[PDB]
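Below you will find the structure I want to go over with you.
Removed from the display is one protein chain of the complex; every other protein chain stays in position.
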Amino acid sequence: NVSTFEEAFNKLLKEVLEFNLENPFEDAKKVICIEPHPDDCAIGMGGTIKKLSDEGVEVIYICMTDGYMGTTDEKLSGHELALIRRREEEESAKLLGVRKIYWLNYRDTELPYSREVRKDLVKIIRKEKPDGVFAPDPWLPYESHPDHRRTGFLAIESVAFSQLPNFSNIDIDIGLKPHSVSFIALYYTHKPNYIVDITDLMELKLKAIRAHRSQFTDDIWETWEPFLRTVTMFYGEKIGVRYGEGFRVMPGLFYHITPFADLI
Amino acid sequence: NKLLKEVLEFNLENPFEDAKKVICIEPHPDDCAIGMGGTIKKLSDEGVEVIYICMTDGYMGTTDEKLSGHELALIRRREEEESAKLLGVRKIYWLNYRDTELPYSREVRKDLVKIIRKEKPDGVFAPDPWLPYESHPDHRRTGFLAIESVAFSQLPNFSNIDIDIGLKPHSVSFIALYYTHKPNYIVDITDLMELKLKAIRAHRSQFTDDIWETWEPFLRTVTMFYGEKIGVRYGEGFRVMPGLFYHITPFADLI
Amino acid sequence: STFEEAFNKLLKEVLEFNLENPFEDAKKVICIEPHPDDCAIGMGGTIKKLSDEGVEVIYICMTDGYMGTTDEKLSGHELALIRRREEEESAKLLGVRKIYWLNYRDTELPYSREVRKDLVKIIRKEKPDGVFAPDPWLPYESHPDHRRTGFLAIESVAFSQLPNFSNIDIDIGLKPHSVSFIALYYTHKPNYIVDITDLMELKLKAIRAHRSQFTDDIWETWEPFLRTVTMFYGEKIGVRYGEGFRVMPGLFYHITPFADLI
Amino acid sequence: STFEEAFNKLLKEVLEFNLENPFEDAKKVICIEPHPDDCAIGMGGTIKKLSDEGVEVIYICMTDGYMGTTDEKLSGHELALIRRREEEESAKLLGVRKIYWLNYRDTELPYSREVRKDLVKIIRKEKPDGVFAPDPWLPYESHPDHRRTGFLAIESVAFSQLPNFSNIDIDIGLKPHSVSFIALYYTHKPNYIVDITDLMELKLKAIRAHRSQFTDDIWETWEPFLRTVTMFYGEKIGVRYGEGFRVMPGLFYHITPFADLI
Amino acid sequence: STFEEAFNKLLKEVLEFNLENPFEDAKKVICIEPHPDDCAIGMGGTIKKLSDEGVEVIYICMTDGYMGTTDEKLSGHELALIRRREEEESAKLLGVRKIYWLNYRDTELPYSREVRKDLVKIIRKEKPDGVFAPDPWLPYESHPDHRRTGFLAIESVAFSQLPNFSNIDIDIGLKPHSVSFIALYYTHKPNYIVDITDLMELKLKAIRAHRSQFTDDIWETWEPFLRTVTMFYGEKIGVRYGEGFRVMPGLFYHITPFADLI
Partner (left out) sequence: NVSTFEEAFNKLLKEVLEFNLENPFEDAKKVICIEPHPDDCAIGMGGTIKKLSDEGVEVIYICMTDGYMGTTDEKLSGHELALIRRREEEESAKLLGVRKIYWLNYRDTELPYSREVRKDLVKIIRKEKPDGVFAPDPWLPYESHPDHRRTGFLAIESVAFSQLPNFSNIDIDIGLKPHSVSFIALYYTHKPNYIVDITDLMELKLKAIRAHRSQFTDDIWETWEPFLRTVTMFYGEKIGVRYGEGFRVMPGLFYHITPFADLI
């Protein structure tokens, strides 16, 4: 029957998986957007958040850390630099129609890669019963920040595991029952397979990004707007527009032992 | 060139003939069967002693809240024993680390290296940890600890108390990586496809007709992806490089 | 206007960043090696041509090579001496006279904040103009020590700038340094090669000072291999024996979907 | 004014600390056992003296009891399950309904925050008025699970009351909870005893319910030990068989050079 | 001929030890504390009476105070900042200028080589004669950070003495430092008390500085405690108010079956 692989491949995607990419969000009624440090949802996927906040979809944050380290000022202690930074995200979010932010409070550059941490995200997933999760892609070539790498990993890991009753069993017997999230979307990806048109809202994104004043001196912004405009244009060039934000959405089966998963 | 052919002397033609004993290492109950169940039968038919190592106890492989993890392990242990016999596998070592909680550490290496230094095997099988998009830590960590333990089992100063109780440094011939996206040698499983599925179905906890109805297309499609690459409809794939390509080699992928 | 014009302006005008001789400002750099000899077998030829031109080349050794033998009667400490001496038998013959030994047992190198806090000390100590390390992204690399060494180098360098990372090194006199560049060797993705056919002769020998590692019997498998690597590089820019490394602007190491375009 | 004086005028007067009846105004208590059986063996009798009197009793069980058999033929997985039944059994025979299974394997109970964060969760939900736990300062206690269980209770009772501790609990509608009294079983430093003479053959029956720990051949050694223990305790308050409990000021668990003085 | 005889001729001739006068050489000390306000509470007095004699007193605070509140409004990062402040207006009262902050979050001080590397650092630097730390064998002490600080401190002191321990301190010109003495506050077995009869008012003031901990409602419990503890130590030497320390020869800390006899 199945002449070759590629004949069975396209049938496994349309018939079996109901896999689609012109509109993967669409039916989204609530999505948590996971970021390693505060400002990552902004820089990563700010426009697409506003878009999903103009469409009346509920956007919740989980911020892995407290950005305790993002300063060169030999006189501004991380403890407050972090106070400074929970304000700057409470600002940023307010702009983007992000209302809620869970704060995991793990110190910056010290985000563990453990089960403890997975018990945080799995806990939050069974409670906010989110339709999709927005996490950063960990297989981003040359990514050198452990927090980024680990975040996307736990993100996808906690996701697949939240369905699992015997995982963090203490959750089951206090009200929280397993939940099957609908889609996983990987911002900060070098292999996007769905770009959102953000050409328009590309001016509210920098005001959400810059809102983090602590992280953005005007002096350093002299290399970051030239930077951000370069990135967003690369996502746009894939679907012929001025600005773009890129995501990787794969079917749930391709996140595990799928040798051909690099074809979509 | 002069090295592939005339310094190390490796071949992508047939590597398994010289093997009389091999270890097939799997992260969970069934990965041997899903990853390589046909090549498994093959070797056992051809009269080769196939031994499993299971890293973990499955404990987490369910959505049925009535079912405790503890049982699932039991139930899956026997389900594996069914599956193993179905393929000619003789002994399964059970590491027993809890599912989704496989450590990446020396203790765990130290285990693998005990066994390797007892079965003194010619070939080991494992999941390719550089498999792109592998999202399951248990799997990544199995690949890595496998390739690691192997190499290390040769080094008398590693788990140095193993020696003092008999078990000597061994030196496996090959390492074979199933569940890989860079196979450089395939095997024909068109001969034994349906039996494989049967063995893969022996894990009833895992493959309800409902789930199996969704993984039925998957497991056939995969084995095609590999199969096509030779000239058959159904094949299991493998990355084999063994030697000095697993350590510092900027042209490793050219094979 | 387009993606390529914004790309080129980003590098040339916004971030400058060399590519034709990035060791032009160079005076003091560190070569971080997992085991003793990991500078040798990948960076050695490059190390003399820098000790020569004025650069005080500094070493950090991540491990102590404790595990590097087959000899079932050679204690792991015995080996660790053999290697250290053997290493000095190579430090010098390339023009390096300071080797920090971290001292962590071969095959037991932690990937922790702890180790980072060390590197950082040895980076806030010198204030080097550049650091070397193996590329942790070298495909199929199966030895944990290597992978970890790389990753920590990069993360440590970056982190040395932040006053809060190791907030005790500050308070005690050691202040943040902001390293100039980073270079990854042992890479299958170079972008700046370096000429070594002349000093290739010196290298052959410095990679033997570690003769516990490099015996006679084995060498008959490890020199054809060694020549091949030095071919793989060199012949892609001209000569018969060159060495190519990877170097990026500090900002391609974070959130850069277009990093591997170089 | 003396110290002897400035001691009494604190317990009765600054703490209202009564040792006559601490299990008095107690409408819900928690029983943390390191293994299925522990509660029964140190706690057993005393559970009944609370259970039936409208005091709701809940076990937390730290391990799966996976390493309690010297039987080649019994896998730890099967044993774990077996013990669920024996504990489900035993716990009716004492009027306990709810038991949380933490499922940290036998001999591998972590000493960490991650374990605290559980006990802390369960404690905030159930909002009990009392927590029972093994005295972790019991001389010669060899079993880590045992030691750790106590420390981990004491610590989770002090910290259930902290908003900034496990903040995600608050964010999901489980607010702080202060426990009135900590009572340590398996102590040798009691200061309140419990006469359980009529309930003894019941406790032994509730302990014996574990057919995997107390086989008839093991029962010839543990029955005399079980009895001796119970004799050790009660013989202090004039009664034959008793059970012992240490109870202190919440203040006395921290920084007190004289907390030994009760 | 006997034991009691061996006890003394060791103490007095060989180990030249005296309970008499231990602090009579003090030009530099370090007072280590679990939390911010810890050198206060149990040691505030002696410190001032040590500033007086021109002795430089340094603080090392192990935590950031992250978790000292019951009010879901006050957030740890801030609460920390509020506590970094309070111990400066408390340290000044007592001529304490230098305070090292390790920043380990409240209820999370690790027990590791790493945190030893830190205290051994600071100490190889400030090259002091005197280290103070809580008595990690203080009965019923139930705060992790408390226990872990004495052990770590002791271990740390004994551990500066060695070049191989943290040899990167060495390689950047920070040498072995032997310490003269060790004083364990918060002890139930002190053996050399000090006099704070007049100083018990600047005491409640230096402790008072920590108002985010000591609001005036909850002060009405610790008000009898802060005195009572100074009287426990008092009725031991004659004066009205005390601060006790255990001081033992560097030899008794290890393998000494009769440490309990001094």
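Some observations on this one:
Labels A, B, C, D and E are assigned to the chains in the order they are written; within every chain, residues are numbered from 1.
The definition used in the following text is that a residue touches a chain if its C-beta (ideal position, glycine included) is under 8 Å from a C-beta of that chain, and two chains touch if they have at least 3 such contacts.
Annotation: of D:85, D:188 or D:254, D:188 touches the absent chain (contact as defined above). From the set C:9, C:84, C:227 or C:254, the residue in touch with the chain omitted from the display is C:84, counting the whole complex. Only one of the listed residues, E:92, E:97 or E:175, touches the absent chain: E:175.
Touching the omitted chain from chain E are residues 2-3, 6-7, 9-10, 14-15, 113, 137, 151, 154-155, 158-159, 161-165, 170, 175-176, 248, 251-260. With the whole complex as reference, residues 93-96, 105-107, 110-111, 114-115, 118, 160-161, 164-165, 167 of chain B touch the missing chain. If you put the missing chain back, the residues of chain D touching it would be 41-42, 66-67, 69-72, 74-76, 79, 107-108, 134, 138-144, 146, 186-188, 221, 224-225, 227-229, 231-233, 235, 244.
Just so we're on the same page, only the chains that are shown with their structure count from here on.
Steps from chain C to chain D, minimised over paths through touching chains, total 2.
Here the spacing of chain A and chain B, counted between their Cα centres, is 33 Å.
The multi-chain contact residues of chain A, meaning those touching 2 or more other chains, are 77-78, 105, 115.
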